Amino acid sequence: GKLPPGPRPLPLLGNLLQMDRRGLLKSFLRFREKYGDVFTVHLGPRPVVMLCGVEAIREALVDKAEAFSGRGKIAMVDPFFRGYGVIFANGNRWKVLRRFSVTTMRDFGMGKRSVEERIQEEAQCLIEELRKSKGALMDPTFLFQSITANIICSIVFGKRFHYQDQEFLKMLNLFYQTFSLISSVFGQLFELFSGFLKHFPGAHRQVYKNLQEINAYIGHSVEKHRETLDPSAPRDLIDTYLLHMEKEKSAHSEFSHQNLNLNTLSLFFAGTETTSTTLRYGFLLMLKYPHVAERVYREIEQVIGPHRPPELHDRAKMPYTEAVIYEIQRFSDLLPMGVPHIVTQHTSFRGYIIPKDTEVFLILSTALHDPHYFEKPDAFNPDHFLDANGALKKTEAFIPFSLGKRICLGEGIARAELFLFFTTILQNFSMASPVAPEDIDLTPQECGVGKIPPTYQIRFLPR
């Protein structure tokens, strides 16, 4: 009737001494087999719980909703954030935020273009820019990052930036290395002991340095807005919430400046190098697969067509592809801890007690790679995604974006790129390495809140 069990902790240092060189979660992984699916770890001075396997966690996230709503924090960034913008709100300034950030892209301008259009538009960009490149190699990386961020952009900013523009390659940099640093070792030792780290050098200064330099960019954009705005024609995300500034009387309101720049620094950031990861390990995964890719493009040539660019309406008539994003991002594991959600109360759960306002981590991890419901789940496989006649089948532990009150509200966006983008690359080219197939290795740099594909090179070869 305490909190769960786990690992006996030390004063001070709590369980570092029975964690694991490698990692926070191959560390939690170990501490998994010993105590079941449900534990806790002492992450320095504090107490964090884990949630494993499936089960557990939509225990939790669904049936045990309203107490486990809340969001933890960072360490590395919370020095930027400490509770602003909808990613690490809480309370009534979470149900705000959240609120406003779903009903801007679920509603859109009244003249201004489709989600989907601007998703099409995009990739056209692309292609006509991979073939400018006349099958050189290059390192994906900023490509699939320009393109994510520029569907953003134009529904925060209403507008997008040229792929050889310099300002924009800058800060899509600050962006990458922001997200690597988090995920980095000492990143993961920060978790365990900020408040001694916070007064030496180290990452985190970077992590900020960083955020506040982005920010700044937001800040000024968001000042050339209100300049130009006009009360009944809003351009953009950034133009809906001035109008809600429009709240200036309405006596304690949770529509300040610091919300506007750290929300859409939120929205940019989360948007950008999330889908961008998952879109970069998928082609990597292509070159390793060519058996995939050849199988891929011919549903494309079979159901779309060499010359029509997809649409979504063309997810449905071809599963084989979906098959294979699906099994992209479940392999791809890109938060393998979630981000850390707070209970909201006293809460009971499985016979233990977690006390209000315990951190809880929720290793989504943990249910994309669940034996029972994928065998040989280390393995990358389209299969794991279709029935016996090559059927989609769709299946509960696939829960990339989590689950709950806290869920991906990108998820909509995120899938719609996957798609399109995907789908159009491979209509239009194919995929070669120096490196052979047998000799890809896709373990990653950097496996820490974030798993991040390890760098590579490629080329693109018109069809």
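Positions refer to the first chain, counted from 1. Take the two forms, find the largest set of C-alpha atoms that superpose within 1.5 Å, and that set is the rigid core. Compared with the form deposited in another entry:
- Per-residue Cα shift between these two forms after core alignment stays below 2 Å for all of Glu223, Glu375, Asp387, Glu128 except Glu223.
- With the core held fixed, the Cα of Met19 is displaced between these two forms by less than 2 Å.
- For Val303, a C-alpha deviation below 2 angstroms is recorded between these two forms after rigid-core alignment.
- A movement of the C-alpha atom of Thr344 falling short of 2 angstroms is seen between these two forms when the two forms are aligned on their rigid core.
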The other form holds:
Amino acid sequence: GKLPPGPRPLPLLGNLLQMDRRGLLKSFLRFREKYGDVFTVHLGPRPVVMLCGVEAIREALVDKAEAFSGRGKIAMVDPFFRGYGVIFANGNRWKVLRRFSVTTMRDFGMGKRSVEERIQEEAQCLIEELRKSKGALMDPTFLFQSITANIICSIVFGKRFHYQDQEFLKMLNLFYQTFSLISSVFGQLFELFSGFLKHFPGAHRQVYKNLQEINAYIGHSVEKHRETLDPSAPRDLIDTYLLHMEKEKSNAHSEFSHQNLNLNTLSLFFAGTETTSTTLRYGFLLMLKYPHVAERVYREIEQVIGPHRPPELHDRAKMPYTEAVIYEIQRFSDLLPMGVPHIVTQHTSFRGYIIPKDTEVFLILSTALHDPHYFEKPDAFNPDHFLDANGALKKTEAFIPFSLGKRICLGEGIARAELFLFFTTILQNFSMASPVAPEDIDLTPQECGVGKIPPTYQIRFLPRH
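The structure above corresponds to the form deposited in one PDB entry; please provide the structure of the form deposited in another entry.
Below: the lone chain, stripped of partners and molecules.
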């Protein structure tokens, strides 16, 4: 047939006057109830196919990966990245780079210090800092952003930064800033009417500016790296890349070397940004609303790890309640209700509809995370959602906060490690508190733009002896 069905569009407004205010996703859900799991929405002049439910998403990224493994455009930032980097690249440029980063993560810490090892130290760093607090009320946004960044700085640069380092705090704010700029009213509108709306200055000019600045730091650092390279003792991800380049220069067709080192790197920071920090931020609001969940976790830790030695990844298996409490957190948080845009690469038949080469496509993962067929009463927080009768860990087809298929999250490994190690280590050492009663805690996500973001909150961490 043709493009899946959906609301009657206007000429260059598409379906935009029909949306909700300001529950965009909430709009998408109203269309769902009218059109099914496979509708088309005209976001401005552009046609975008939406897909809901596990079956649909899976049919597309897994069953039909030949077609649906494209990355869709993101106007606010494509003028900078220009197609470079794992999250942004398509075709051969991506296939070549995805592979390299994959093998590099796989073999990292083979020679040098392991990712776990890095997370553990950041963790211990974190706790001292949290203790230095002396049980004071704080907003932890800053720190969580810090620790997550640090882990990627550790991987890529071979080092972490002191939480007070100003060179650091500046760089950080530059990211956060760039993000909320794309999250804004404008960045939204820029993504639509960029065709004409790029001439004028906007937040897009500012965003390039901010990305350019950060990029200066990466180029500088790559140089410092070329000047201290030991071919037989790679310290970091940079060191590994630069080496790949040389062995690569002795080929004939280095698709790899024709690529912008800096951007690739920046893009990796971008990807991992605002990622875990948000989840963790959400995590501890939840532990304030459900303290009895917090206490149980602690007890498991005390039971399995005890009060002194640093939790480690191996503990995971033996701690199913915690792995469940973490899973439910991710599920409930719905970081990216809509994934990251895809485009289809070949013309394709999907549920007897005909989708054209180059159509943008959204996998609405919120709908998988909230499938009442897999999660009883899905709008509430419940770890049990990942436990059986026994209380053994219960994994499901539906928990795909990381998407599925070829483009599936590059940092899942890393991500899951962070969440565990940070979550347990904090909790090993501190109980939580807040001026606000559990039953007064508002969980309502901000849903500002394309991400879900928890409301802001005061928290204090409390030591145990």
